[PDB]
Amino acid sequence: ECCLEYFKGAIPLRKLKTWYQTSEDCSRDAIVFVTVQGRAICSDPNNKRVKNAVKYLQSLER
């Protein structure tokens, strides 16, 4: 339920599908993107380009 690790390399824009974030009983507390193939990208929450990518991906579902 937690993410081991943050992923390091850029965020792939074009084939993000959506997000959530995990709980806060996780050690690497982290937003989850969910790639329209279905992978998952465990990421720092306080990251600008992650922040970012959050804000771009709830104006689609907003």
Second form
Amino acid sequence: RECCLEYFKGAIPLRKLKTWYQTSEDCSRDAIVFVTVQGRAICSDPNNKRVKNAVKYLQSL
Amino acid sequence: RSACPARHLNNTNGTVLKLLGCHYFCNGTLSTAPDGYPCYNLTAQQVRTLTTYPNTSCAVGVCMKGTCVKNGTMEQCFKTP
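Based on the form deposited without the partner chain presented above, generate the structure block for the form solved in complex with the partner chain.
Below is the whole assembly, all chains and molecules, this chain first.
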């Protein structure tokens, strides 16, 4: 389906987050994509502890 | 805005998904694939006749300074729907 070419190097918009998902294993890069309220998808490095904590925060709601 | 997921082309031989060319849109702006990223170098006609069915032999390449540099390899590619 879709793959990430670059990681968002900045702060993640926790309170604007709607959901998250994982890109396919067939992508060249591993990625966690965040989807915001207003529809923006943001590629994120799955090894970044900030990214992991964002996913943990979002899934725990 | 360049850290968004991008539409790629699918293949039949079980290998890594690859970009059409070396550029992609995010938020309405065009960004460049990173150097070394896997890509397809299609002719104009191939882009025009690309479908969601395998029907086309696509030249594989690596992105270098925004160009899809062919590595001599060919594989069937087609649009993810």
